[PDB]
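Next comes just one chain, in structure tokens: the form solved without its partner chain.
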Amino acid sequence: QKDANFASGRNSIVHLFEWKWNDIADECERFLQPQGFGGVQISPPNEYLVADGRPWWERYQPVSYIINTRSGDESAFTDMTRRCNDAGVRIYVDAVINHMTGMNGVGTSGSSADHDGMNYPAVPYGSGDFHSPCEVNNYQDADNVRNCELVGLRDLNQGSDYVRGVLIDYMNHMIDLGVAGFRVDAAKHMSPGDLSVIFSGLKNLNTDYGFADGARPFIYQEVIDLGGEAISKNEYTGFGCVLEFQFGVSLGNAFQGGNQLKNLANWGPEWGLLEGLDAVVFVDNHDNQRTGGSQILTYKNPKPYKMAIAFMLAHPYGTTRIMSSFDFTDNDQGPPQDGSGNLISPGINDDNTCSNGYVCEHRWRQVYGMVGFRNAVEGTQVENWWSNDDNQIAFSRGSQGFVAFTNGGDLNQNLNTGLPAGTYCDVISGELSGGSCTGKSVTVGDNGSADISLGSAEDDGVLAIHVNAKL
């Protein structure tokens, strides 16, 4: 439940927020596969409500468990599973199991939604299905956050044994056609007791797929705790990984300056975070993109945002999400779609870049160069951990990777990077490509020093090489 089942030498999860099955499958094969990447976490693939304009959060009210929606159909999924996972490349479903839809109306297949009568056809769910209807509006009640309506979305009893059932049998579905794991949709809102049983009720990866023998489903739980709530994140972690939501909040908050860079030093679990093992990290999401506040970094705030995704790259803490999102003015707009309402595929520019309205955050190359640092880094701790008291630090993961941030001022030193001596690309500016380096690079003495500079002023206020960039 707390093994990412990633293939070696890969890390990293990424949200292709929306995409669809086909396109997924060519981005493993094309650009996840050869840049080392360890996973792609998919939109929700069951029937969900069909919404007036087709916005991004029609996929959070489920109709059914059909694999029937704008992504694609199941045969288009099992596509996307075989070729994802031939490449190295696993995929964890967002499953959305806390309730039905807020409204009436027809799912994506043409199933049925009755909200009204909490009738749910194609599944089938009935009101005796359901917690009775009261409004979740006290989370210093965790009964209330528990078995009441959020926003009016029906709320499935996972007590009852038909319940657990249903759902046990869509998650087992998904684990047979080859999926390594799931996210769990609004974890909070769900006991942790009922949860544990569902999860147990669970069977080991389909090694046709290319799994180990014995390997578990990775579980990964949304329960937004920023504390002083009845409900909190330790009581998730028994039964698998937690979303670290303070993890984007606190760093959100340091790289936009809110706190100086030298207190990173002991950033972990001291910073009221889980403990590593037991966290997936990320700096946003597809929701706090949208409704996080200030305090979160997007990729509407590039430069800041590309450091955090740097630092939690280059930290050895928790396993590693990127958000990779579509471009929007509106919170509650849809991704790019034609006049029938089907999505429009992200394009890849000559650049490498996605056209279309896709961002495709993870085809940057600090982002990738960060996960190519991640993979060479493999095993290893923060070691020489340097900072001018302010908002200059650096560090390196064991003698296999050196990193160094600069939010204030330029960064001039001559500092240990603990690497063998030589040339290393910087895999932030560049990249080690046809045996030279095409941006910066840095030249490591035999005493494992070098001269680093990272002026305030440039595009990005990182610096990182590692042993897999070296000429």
Contents of the next structure:
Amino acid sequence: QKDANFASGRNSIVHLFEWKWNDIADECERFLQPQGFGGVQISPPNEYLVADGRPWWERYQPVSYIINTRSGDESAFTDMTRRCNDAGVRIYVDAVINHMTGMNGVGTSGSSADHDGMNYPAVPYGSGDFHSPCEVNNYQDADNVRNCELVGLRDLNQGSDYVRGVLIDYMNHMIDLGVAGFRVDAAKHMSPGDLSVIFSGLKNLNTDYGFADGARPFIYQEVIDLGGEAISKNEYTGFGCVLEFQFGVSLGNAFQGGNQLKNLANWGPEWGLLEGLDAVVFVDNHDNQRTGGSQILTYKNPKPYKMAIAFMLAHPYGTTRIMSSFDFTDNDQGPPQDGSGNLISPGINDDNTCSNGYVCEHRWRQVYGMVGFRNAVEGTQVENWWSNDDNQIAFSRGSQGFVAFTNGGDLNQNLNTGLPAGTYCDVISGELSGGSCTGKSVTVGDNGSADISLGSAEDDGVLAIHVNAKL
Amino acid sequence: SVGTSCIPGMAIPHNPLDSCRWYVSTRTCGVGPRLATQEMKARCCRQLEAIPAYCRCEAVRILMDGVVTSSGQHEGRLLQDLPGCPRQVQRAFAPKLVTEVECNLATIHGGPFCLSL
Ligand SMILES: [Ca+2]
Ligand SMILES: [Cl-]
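What's the form solved in complex with its partner chain like, now that we've got the form solved without its partner chain?
Time for the whole complex; same chain goes first.
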């Protein structure tokens, strides 16, 4: 199923990268709910290998399915799902089911990981539960990609009645605990057929967490397809949504001046994107903010970055995901920790920004502002499209919100916003707070017309107003 | 995630470990360009350092055996036969580039060693 199972009036999933369960439970209540966010994508919660230096990537080397990691134990986990759901925020588990470890060691819960002899006692998995060792090295060969070891990690065999049952048990355990869905890691290295069988054995969502009767777990799958391979994202859309990686590449390239913003008129499938309701979109994720290349926009290039995030949240295409990063200078660098490997919780300081090194993009004004905008314009189509035939475009979402962009030149124009007459607070430059706008305001006449001004030297290159940020 | 980005054009540059070609050749057979072995080691270990730990072993594997990508293009397998230097002896030295004695670089296995190579 391709239904996020959000609570009414909520939108967007936030990847709270490396957060602990206690901290997520708080954020759901103190910030996520009030701002109307739909859900949280957590880091793998199942026992993984303890690696030297405790890098971020250790989470992707499973050791068992015992819920006990640096993010917290099962009690902490259940406390989180209980508290977050009651606040209308859903929890999406990062499911690492394609492999186990790439070496011998111990896991976050003390379990043994015998890579050499393929024994994972805590599951248990033995050598007969894995594919015969070989190396992934040919992307024009789907059997090689799926059946061989990815960077030396023991490749599980989901074609097995045993392994399938183990994986369905793990996932069903997560559902009994109130999770709303799953982010499927390395789906590209697994077979559509096997996944179809596994996903189909998953129980309906646990109604004791505020889920409609008969609700089905949401499934979005990681398949990095930019074309020309024996494997296609289209082979996975029949049983779930697929993470659309072409999105970030095309927007990132456009918003850095690589393309003319006027061409976004036909944004969507016209560009080679999945059909919107099969896609889960994002500007950047935990992997490509590190090694995505020139086309990917990250917090390190905030101006174009925020413009791209605004466009994503203003446009009706697909389910939206927001990256919430921890500051880093090196690609192997793990989250803020102390000498014993304990994680350092982010601190919410005065101006509701975070301390201790977490970037907290989701607490950026321009980000929760547009999450508010996407909630206000819900159920509307893109209307009043305008463009200067170059790097300036604008359009409204029905008659509930307007948005302008400039990636070249100053925008000082009278445009039809299609909004009811009134004074609106730009949610990009400021916000509505106690009868005033802390930033720019816009006065909409009776013709739905308004004089829009957005100079190219401003801190932001986007302006956004909607019917819920009106005086 | 992680291993998923160990592909040329992503966490790994195109034609990775370019300079290590001549480094394994001279170290292994005394065959190579007329420049300081210390120099070549430096260049090679530099290229290797620029690749994050999680893709290091995969980068050497590509240097050794090669890779067929999304374009259908093959990349790597630079460690080919040279007069007086058979490919296989070279190919056997390659995994040693991350060890303490050489570049001493951490990898996905946690330490300065490339299992499964
Ligand atoms: Ca596999
Ligand atoms: Cl992802």
